[PDB]
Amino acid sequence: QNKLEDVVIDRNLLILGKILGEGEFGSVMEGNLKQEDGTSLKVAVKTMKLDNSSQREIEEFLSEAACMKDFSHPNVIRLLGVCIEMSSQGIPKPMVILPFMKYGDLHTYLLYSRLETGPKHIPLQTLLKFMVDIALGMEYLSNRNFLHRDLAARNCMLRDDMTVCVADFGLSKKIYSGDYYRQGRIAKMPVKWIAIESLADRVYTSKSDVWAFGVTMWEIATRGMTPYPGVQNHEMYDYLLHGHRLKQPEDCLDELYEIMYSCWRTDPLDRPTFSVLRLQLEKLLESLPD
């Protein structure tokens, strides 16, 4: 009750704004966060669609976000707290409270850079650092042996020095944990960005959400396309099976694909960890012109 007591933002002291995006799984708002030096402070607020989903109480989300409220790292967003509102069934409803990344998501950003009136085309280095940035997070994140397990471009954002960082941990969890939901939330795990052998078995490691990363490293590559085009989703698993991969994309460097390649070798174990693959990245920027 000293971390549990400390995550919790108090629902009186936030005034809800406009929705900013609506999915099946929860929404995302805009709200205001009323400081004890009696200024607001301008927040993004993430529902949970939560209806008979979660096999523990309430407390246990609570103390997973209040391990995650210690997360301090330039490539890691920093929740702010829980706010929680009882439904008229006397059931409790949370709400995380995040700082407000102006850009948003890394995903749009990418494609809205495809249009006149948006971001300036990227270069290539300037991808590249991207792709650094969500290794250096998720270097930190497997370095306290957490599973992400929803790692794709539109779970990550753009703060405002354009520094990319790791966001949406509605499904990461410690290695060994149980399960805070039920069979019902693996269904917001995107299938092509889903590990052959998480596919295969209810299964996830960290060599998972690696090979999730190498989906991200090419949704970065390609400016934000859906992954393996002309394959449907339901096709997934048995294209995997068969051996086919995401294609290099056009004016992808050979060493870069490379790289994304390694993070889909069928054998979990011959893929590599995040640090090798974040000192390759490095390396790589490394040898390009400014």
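Numbering follows the first chain given and starts at 1. For clarity, a rigid core is taken as the largest C-alpha set superposing within 1.5 Å between two forms. First, how it differs from the form deposited in another entry.
- Checking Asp251, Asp70, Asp51, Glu255 for C-alpha shifts of 2 Å or more between these two forms, after the rigid core is superposed, gives a single hit: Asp51.
- Superposition of the core reveals a Cα shift of less than 2 Å for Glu235 between these two forms.
- When the rigid core is held fixed, the Cα atom of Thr226 travels less than 2 angstroms between these two forms.
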Given for the second form:
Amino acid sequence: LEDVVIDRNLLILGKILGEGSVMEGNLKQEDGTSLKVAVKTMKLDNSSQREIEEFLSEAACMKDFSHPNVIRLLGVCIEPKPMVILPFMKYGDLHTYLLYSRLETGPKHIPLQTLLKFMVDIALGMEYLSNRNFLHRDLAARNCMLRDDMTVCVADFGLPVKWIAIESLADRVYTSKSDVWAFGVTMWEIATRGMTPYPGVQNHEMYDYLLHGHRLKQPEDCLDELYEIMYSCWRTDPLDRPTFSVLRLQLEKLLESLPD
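Write the structure block of the form deposited in another entry for the protein whose form deposited in one PDB entry appears above.
The text that comes after this line covers the one chain and nothing more.
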């Protein structure tokens, strides 16, 4: 607590940004200046201090995370409900951004070079968490945030059937190679500019679908080289899947093989 806790009086809450749930707010910092934050309210099982122990545990680790492509944890505040304090990012989540991209008034058609750069950013972020054996367990375009410099950072980690790896559906187990699987789905979302995974397949059909060897199909405008990287993320054996440090360099290489 000594490290992550923030006095509730230093926090002012405002409108709802999404539904626990997310809310806007102002964090009064130690330099006197006030910072805009997003406050994620957390509903935990208070029948025991079990879930809160694991809550304050990760938060202490998450507050020490420092990487441009990984979201920053500012701290936690208590009411007795905990609340995660994160930086506010006005450009919002990447998923909505991709959709807007396909509408006039909204952002310009995102070229492929920019789409890969989104993937690289996420891969770099995941590479950082992976190096610290920290699992995300909920990676998706909706959880990837755009910084004010339009660089992507990963979020919502710590503390969705169509993103869950095949092993994690049956055995109900989670490894970093399960995050790689979700990362490949995230790549698909980006390459399709916001499509929902597995059109035609309902959620209750996903296990038999995957179990029979069927995977996400290649988008029309997607390069064979880019879909290879995506596909390698969905290999049945988690050991056959590449690490984030391999994926990251694959994407950096491919992006550099393109013009501006």
